[PDB]
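Coming up is one lone chain in structure tokens, specifically the form deposited in one PDB entry.
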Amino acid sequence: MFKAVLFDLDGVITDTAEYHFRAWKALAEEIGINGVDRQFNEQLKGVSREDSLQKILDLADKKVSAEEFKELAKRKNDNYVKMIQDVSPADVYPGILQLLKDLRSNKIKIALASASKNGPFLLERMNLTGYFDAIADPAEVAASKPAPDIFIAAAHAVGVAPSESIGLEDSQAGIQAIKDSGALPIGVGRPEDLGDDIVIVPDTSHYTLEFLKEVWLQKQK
């Protein structure tokens, strides 16, 4: 039986991409760049802060200095911090709170496996701090997803080996990170984006303790 569940933040617990979008839209409007709409936000999914800023500058074929590029990326981060003050328990994805309650009552460890520098603050905004046993130590993460580092760190933070854990993710890079950590991946999303080899669920409402137990026992063959 598994002893821990390692949670990714964006796309599993909540939608932080929406707040990243509002941050980028605020920056674009300030510097006078049109086109940062909902359809453009899809080109920013799973893309780094630097490459995302470049895509926004590309919308106006705008060239900036290395110093101004750094300043704009900083200004976006400041915008993001202001945007996330609005995160509330209403932001929690369906089924996640009940899963957290069920894991805690069954003495199964809960860890946050996120590359977010605002992870604990977001859990606090969502009233989820009491369910989390530990957050992955950023000092033990040398490389990001697809590298297994973050999931290995999350498992270790709750006192378990990755092999005794289940990892929940919405991205292909994150699924690969769980696989290489030794933990069992259960993905969330469309089969067109994630692939056949692992167990995938359409949405987070399917992430029940009953289902996690079933999948775990099935993969012990």
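Between two forms, the rigid core is defined as the largest C-alpha subset superposing within 1.5 Å. Numbering follows the first chain given and starts at 1. First, how it differs from the form deposited in another entry.
- The rigid parts compared between these two forms meet at a hinge, and of 185, 13, 111, 151 the residue found there is 13.
- Of the two rigid parts of this chain, the smaller turns against the larger by 34 degrees between these two forms, per C-alpha superposition.
Switching forms now, from the form deposited in one PDB entry to the form deposited in another entry, please provide the structure.
Only one chain is given; partner chains and other molecules are left out.
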């Protein structure tokens, strides 16, 4: 049976992917880049602060100085951090709190595999910190999503092999990271964005221990 569930945070645990999108779009427009719309944003979900900024800057022909680059990333984060100050337990996505309780009752490890340095703060805002057996620090891995490092680290942090773990993600980059880690991915979002090669659910209410078991018993190979 699987022995661990590796949780992405933003867009899985709570609608915080929407906040990252709005913050990145605002930053981009401030520097005259209007290409960050929902479609383009799918390429930003799951990627690190610096990687997100560079993907946005790639839309421009000229480059910014190292000094401006650093200021831009900080500017976006300062805005994002203000945006999430009022997040509360009421903001936890449907099914997530129950899933955490069910996993603990069944002795299945719970680890956070978020690329966000604001992850710990958000779990505290939502009164979810106590459910996690481990939080993989995104600053410790040598390579961020789509690299599998963070999921491999989350699994190791709870003493479980990635091959015996399920990863929950809402992004293209994150799903790739799960795939290359050896864990089984179950994405949440629309088929047009995440693919038709893995199991995808339309919303988090589908993330029940019953369903994770249903899917796991159906894994290939």
